[PDB]
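Colleague: Please build the complete structure, drawing on both the sequences and the hints.
One letter stands for each residue in the lines below.
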Amino acid sequence: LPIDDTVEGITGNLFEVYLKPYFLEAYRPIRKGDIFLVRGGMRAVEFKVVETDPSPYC
Amino acid sequence: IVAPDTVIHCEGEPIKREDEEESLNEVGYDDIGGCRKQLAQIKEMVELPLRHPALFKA
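Residue numbers (the working numbering), protein chains in the order written: chain A, 2 to 59; chain B, 146 to 203.
Bear in mind the hints are in silico, worked out from the structure with no lab data behind them. Mixed in with the good hints there might be a few duds.
[Unchecked claim] Each computed DMTMM-like pair below joins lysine to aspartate or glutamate, with the alpha-carbon atoms no more than 20 Å apart:
1. B:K202 - A:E9
2. B:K202 - A:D35
3. B:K202 - A:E47
4. A:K49 - A:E9
Modeller: Here you go:
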């Protein structure tokens, strides 16, 4: 989920613009409870991993 | 289109304006001469932040 004070000015869809090249080819191990940061597009925005179905190490 | 055949009536009292109407009390860009480069620079600095505050905030 996005966080409000970093999306006060940006709008539209953030999925293909930010999140799709972020997890591409890097094989990033994420966990329920972490907050990462994505730069690009004249703005840096953060995302908190809210809910994952499997075990937290994945 | 105003034709020369069309008669022009000027009968009536000098009336006041609507309150939202502007006048020559304020000054526009035409009343300034000889400093086109500096006026261009001030337009570049000032217009784009003030005309579009939400866009420039984004």
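Colleague: Against each hint, give a clear statement of whether it holds in the structure.
Modeller: Results of checking the hints against the structure:
1. B:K202 - A:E9: holds (9 Å)
2. B:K202 - A:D35: violated (28 Å)
3. B:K202 - A:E47: Cα-Cα ~18 Å, so holds.
4. A:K49 - A:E9: holds (16 Å)
The structure shown violates just one earlier hint, number 2.
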